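Engineer: Listed below, chain by chain, are the residues.
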Amino acid sequence: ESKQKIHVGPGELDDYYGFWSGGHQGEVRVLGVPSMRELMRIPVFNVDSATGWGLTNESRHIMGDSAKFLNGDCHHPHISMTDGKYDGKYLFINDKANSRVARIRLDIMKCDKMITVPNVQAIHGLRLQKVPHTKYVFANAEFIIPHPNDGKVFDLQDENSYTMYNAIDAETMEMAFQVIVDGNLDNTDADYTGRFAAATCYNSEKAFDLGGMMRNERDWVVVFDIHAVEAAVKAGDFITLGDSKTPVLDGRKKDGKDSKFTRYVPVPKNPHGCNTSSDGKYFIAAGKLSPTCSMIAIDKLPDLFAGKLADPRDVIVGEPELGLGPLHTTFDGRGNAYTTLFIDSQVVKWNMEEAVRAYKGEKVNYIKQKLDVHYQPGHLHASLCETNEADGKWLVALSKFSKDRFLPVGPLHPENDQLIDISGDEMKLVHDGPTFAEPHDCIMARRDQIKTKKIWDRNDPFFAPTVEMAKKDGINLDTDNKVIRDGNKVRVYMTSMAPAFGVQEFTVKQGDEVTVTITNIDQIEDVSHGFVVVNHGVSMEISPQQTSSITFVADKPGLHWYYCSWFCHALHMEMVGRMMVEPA
Amino acid sequence: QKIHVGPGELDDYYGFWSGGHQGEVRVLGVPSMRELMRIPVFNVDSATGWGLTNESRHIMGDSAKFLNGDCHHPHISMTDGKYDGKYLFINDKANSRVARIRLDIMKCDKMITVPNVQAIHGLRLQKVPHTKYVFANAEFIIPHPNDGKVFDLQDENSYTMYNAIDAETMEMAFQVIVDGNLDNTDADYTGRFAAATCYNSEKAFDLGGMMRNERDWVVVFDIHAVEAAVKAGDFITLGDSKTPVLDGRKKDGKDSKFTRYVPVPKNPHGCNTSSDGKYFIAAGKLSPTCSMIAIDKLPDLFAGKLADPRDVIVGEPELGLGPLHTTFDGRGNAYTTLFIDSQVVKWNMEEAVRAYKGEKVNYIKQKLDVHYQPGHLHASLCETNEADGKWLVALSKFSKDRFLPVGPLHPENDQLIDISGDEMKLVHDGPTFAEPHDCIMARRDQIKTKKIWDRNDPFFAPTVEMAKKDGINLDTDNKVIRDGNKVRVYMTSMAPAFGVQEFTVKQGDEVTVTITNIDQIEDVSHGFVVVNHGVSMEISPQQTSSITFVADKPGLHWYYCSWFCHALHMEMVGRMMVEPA
Ligand code: CUA
Ligand code: CUA
Ligand SMILES: [Ca+2]
Ligand SMILES: [Ca+2]
Ligand SMILES: [Cl-]
Ligand SMILES: [Cl-]
Ligand SMILES: [K+]
Ligand SMILES: [K+]
Ligand code: NA
Ligand code: NA
Numbered sequence: 055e056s057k058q059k060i061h062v063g064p065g066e067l068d069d070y071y072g073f074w075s076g077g078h079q080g081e082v083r084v085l086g087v088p089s090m091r092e093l094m095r096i097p098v099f100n101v102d103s104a105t106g107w108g109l110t111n112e113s114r115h116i117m118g119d120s121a122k123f124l125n126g127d128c129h130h131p132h133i134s135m136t137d138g139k140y141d142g143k144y145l146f147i148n149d150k151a152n153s154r155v156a157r158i159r160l161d162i163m164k165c166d167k168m169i170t171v172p173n174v175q176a177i178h179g180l181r182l183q184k185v186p187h188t189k190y191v192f193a194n195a196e197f198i199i200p201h202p203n204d205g206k207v208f209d210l211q212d213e214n215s216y217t218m219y220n221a222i223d224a225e226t227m228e229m230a231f232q233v234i235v236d237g238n239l240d241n242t243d244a245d246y247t248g249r250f251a252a253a254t255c256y257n258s259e260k261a262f263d264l265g266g267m268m269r270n271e272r273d274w275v276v277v278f279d280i281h282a283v284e285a286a287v288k289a290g291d292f293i294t295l296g297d298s299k300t301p302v303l304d305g306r307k308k309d310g311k312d313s314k315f316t317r318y319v320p321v322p323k324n325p326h327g328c329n330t331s332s333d334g335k336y337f338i339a340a341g342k343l344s345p346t347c348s349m350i351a352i353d354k355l356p357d358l359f360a361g362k363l364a365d366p367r368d369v370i371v372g373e374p375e376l377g378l379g380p381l382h383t384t385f386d387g388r389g390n391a392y393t394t395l396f397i398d399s400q401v402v403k404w405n406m407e408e409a410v411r412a413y414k415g416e417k418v419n420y421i422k423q424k425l426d427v428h429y430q431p432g433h434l435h436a437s438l439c440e441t442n443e444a445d446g447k448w449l450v451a452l453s454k455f456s457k458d459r460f461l462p463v464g465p466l467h468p469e470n471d472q473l474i475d476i477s478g479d480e481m482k483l484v485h486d487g488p489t490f491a492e493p494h495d496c497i498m499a500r501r502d503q504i505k506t507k508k509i510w511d512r513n514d515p516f517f518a519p520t521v522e523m524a525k526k527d528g529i530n531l532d533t534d535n536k537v538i539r540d541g542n543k544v545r546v547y548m549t550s551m552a553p554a555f556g557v558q559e560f561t562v563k564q565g566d567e568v569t570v571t572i573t574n575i576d577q578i579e580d581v582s583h584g585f586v587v588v589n590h591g592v593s594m595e596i597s598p599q600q601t602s603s604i605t606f607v608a609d610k611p612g613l614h615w616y617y618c619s620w621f622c623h624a625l626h627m628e629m630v631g632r633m634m635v636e637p638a
Numbered sequence: 058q059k060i061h062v063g064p065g066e067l068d069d070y071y072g073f074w075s076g077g078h079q080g081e082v083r084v085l086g087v088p089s090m091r092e093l094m095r096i097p098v099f100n101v102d103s104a105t106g107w108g109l110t111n112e113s114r115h116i117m118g119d120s121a122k123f124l125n126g127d128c129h130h131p132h133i134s135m136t137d138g139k140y141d142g143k144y145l146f147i148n149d150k151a152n153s154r155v156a157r158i159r160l161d162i163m164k165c166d167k168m169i170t171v172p173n174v175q176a177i178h179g180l181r182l183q184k185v186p187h188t189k190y191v192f193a194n195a196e197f198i199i200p201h202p203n204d205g206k207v208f209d210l211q212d213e214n215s216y217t218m219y220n221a222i223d224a225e226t227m228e229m230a231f232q233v234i235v236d237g238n239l240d241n242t243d244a245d246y247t248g249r250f251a252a253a254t255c256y257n258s259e260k261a262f263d264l265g266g267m268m269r270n271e272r273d274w275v276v277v278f279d280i281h282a283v284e285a286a287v288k289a290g291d292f293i294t295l296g297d298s299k300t301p302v303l304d305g306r307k308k309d310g311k312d313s314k315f316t317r318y319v320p321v322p323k324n325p326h327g328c329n330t331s332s333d334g335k336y337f338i339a340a341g342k343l344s345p346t347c348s349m350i351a352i353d354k355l356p357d358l359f360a361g362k363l364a365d366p367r368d369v370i371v372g373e374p375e376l377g378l379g380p381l382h383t384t385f386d387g388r389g390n391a392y393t394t395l396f397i398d399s400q401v402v403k404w405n406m407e408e409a410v411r412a413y414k415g416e417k418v419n420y421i422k423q424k425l426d427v428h429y430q431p432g433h434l435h436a437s438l439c440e441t442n443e444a445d446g447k448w449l450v451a452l453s454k455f456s457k458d459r460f461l462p463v464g465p466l467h468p469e470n471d472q473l474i475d476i477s478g479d480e481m482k483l484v485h486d487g488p489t490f491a492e493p494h495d496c497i498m499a500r501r502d503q504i505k506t507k508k509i510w511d512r513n514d515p516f517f518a519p520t521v522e523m524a525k526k527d528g529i530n531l532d533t534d535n536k537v538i539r540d541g542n543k544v545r546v547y548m549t550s551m552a553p554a555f556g557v558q559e560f561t562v563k564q565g566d567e568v569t570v571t572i573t574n575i576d577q578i579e580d581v582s583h584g585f586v587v588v589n590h591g592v593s594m595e596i597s598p599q600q601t602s603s604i605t606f607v608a609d610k611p612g613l614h615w616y617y618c619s620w621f622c623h624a625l626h627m628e629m630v631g632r633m634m635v636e637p638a
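Going line by line, the protein sequences match chains A and B. Numbers given in full-length UniProt numbering equal positions in the first sequence, counted from 1, plus 54. Numbers given in full-length UniProt numbering equal positions in the second sequence, counted from 1, plus 57.
Simulated from the structure, these hints should not be mistaken for lab results. Be a bit skeptical, because a hint or two may be false.
Said to hold, decoys possible - Straight-line alpha carbon distances no greater than 25 Å define the calculated SDA-like cross-link-like pairs of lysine to any residue that follow:
no. : chain 1 : residue 1 : chain 2 : residue 2
1   : B       : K610      : A       : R114
2   : A       : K299      : B       : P611
3   : B       : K122      : A       : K260
4   : B       : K122      : A       : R632
5   : B       : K424      : A       : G65
6   : B       : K122      : A       : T569
7   : A       : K507      : B       : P202
8   : A       : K525      : A       : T506
9   : B       : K323      : A       : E628
10  : B       : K354      : B       : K424
11  : A       : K563      : B       : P202
12  : A       : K260      : B       : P202
13  : A       : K536      : B       : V207
The following block holds chain A by itself, in its conformation from the complex:
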């Protein structure tokens, strides 16, 4: 029976962490499951007024040149793995809007690295190497562009117009390699060995019109032999593009002939999801325009890459007919797959091995249950489904139209992320969770897979550059309350300890570029401070033992108040200071 409790009462804790994509809003959200309450927001591609992410020097340093963008579009959150199990170190996420990948450190729940993927447009599909560990982050660039894209050629049928599959080194967050592909790229997953990855393609037609993109009854799943790519990179057998030293391998077909890096497995039709079963047997492609999933036997891939198979379709071992609009698939670890039907507006539960038998002509009932969802589901996620610990307890289906499921709030509606108990034979819908801005996908982890810090380490790399700047000024950040003058630059350093800033007044000249660096020397957990300069667009958080810094121009003469924004003490309202700006 499906019977688990969803209520988490006052004083009780959730059993799992949920990491939600922020969708078009650009952040990552931490939820407790099964309460479905949002515990934290982690700013990534958004600018966050509260913490100052996007304003502070530390955050802008992480974002690099891309700190000029105030937007992102996130879809695909994934947690780093060791030996096919979550290791709790990192969360990675895409940015479709400005072509980035970000890394979040799960001990501090902050974005700590970010990369603009070179020579591509729109980072969509993203998933992680599972075994031996997450060495690579694999990311799809969705859109075909010219190379170079310098405005001389615009034609997407040109021989140098393409997109690429991308591998980022997880630990360094520098590029590892790129593989040029035929067609385009939608979603991606990885096997349980480290050798193989796979991605769906919906535009095998290389067409730039809606209808053109649906002409072929089959596109493909493209499979990558990562070992062969790695070998070619070691041999120096690669080109580079634009200004990037990233190794670029060519995985396109040449006059019908396969490269060593890729195989193209025909699959109907504009397929979307690409999901690796938790037993490691299958890459399962969701058929979208075709009312099917296609099951690729991972076991057969070495033979495919060796030329031992007559036809690339020989790796397909199942093509179950499921219903209208299949988009994404997940796993209970009991041998069932669960697939979203966008058009039928359901989740379909189906037995994978039976579908494989059906494909060989046995008459079997692989469909177990169809559950109505509300409405038009996209992704779905079962607890621990990306790991060999898939536990079959909870499932979340993320549906794009909520219609009448919540109180009306105007023309813009929330998404409906529905919690489903899958612990028994029958799926049961237990909670409707409204969410903002279209999280597309989410990922769950056991409470015991995530270990967080209670207060910051003074040596944390997040603010290491600030610590270096201080050293150059002769400043001991744990103690000093000083104003350094450097031409028209002023560098204010202070400690803070509730309810007092360590520097409560300073004076500068109109036009000076002021940097304020604050170290919160409280040691009690949860005593955060803030810093806001009135009417100057200046806001940041400083948590216990953190150093944070922010730069602004003092372009207004007169007296300008600053205050602590984070309620920190009974005397919080009085935790203030004054900047005096002498007229030009």
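Given the coordinates of chain A, assemble chain B with the ligands onto it according to the supplied hints.
Structural biologist: Quick look at chain B with the ligands alone, frame taken from chain A:
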């Protein structure tokens, strides 16, 4: 009183949460406490484009340059002391603004930078006869003018001001110069009186200096009298602002016509009007009391019929350590947060008034432990004469161990408490991001929202004017207008296709894309993102939205629909082609 709202069931109340330092307003359902929507106000929102779009930046004015805000105090407009559901107003402490949200479309539609002040904190609405004015406190004393010649806060021209904004026009009505400073504010149930707490009666600018006096005050304003001075032209103006400024300071011990200063201990904070209209209740903060000002006595105070401003105080109950804010069940009880004791204290107001006269009565009914360090609290419909005594939310600043660890930054804990009976019962812990300070609840039937946009909506009227000047009919046209180094692309959109799927411009052109969503089905939103240009916006059904960006990169640049709108959403794309210089 059940809190579970199962699948297919709806919440009973709307809750409008302040976003705190994050800058937005959040719409919640109560009692599920689930967040239904976020309304961008002072933040920049990637999803909808608020802060990026032309419509949003027009509303924000010059303050569109700021990417931050600090909001505390959401309030819903009233008619005859009851919510009318038309508007929600909120402060911005960081960049000195007031914003108005239109509740039919759940969008910010007006915003004002309050002139000649620093830090808009306390905010509340006129109740009766209706919300003509929004009252807003500027917290921090500054020089006038603030030109860098005088920094002394003891100067006669160093002060702050109480502010009244016309609710319907969102222009300034008037400002009142006060002694001291201003923290929170409320209004009576007649329209004549408003009141604000002050914590710096000392006009001191060190921590100790600000706590020198046992008593600061509540400043009470005679709004009728202020309006009169403004009508007669008996006002000054400051700097470049035409706003009428009245002087409410004492002069050589003599009262102004506009104000009375009622001494209250100590660095008082909350300032709340009881739902029966009888009292302004000031929370004592550093004093373990609230002070109860009898609104009935204020006309006598302003007429000079009372000997001593303290004669309007009719209760000063001792409640516990760190009282910050008070709310009402409509049954004669007040509920006050004790920040230091970490409790909500339920107390009987009439009994406290009897205790002040020396009767031995225990006006304290219950103290409920909350988790931990509560700031504001809010009982359902407490700001109206319909206060219903059902639900109470206490908004606590430290959550400690009440939720899964998430790192050094913790959520706030907004706790739902059933107050329908004699005994307060804690029912739900709601984690929230970024310190919502206060919140406001409304019955489902007090809010009426639009399902799709009106083509005449003022929100995008300026864009409609731009289109008109170009000869464009937004409901139909798909055209590129060329105008020097400006390019104005106009298109309709209807799932799964943009009306214009390719256009060509020159490197350096300032490109405006205006999109009108001509779907009529509810909930079919589209988006528009230009890859690698930092361009993102929402276009909901029948909305027109527009965005301007520089085509600074030669070559082919994709654009796409960000809002999953149709089975063929991934395919709702286009291409901008940029010719090199
Ligand atoms: Cu520091 Cu509030
Ligand atoms: Cu339009 Cu998705
Ligand atoms: Ca296709
Ligand atoms: Ca004082
Ligand atoms: Cl997928
Ligand atoms: Cl208040
Ligand atoms: K939606
Ligand atoms: K807090
Ligand atoms: Na980087
Ligand atoms: Na305005």
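Engineer: Next step is simple, just say for each hint if it's right about the structure.
Structural biologist: Right, here's what the structure says about each hint:
no.	hint	verdict
1	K610(B) - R114(A)	holds (22 Å)
2	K299(A) - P611(B)	holds (22 Å)
3	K122(B) - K260(A)	violated (41 Å)
4	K122(B) - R632(A)	holds (22 Å)
5	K424(B) - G65(A)	holds (18 Å)
6	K122(B) - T569(A)	holds (19 Å)
7	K507(A) - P202(B)	violated (48 Å)
8	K525(A) - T506(A)	violated (28 Å)
9	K323(B) - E628(A)	holds (13 Å)
10	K354(B) - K424(B)	violated (31 Å)
11	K563(A) - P202(B)	holds (18 Å)
12	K260(A) - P202(B)	violated (65 Å)
13	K536(A) - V207(B)	holds (24 Å)
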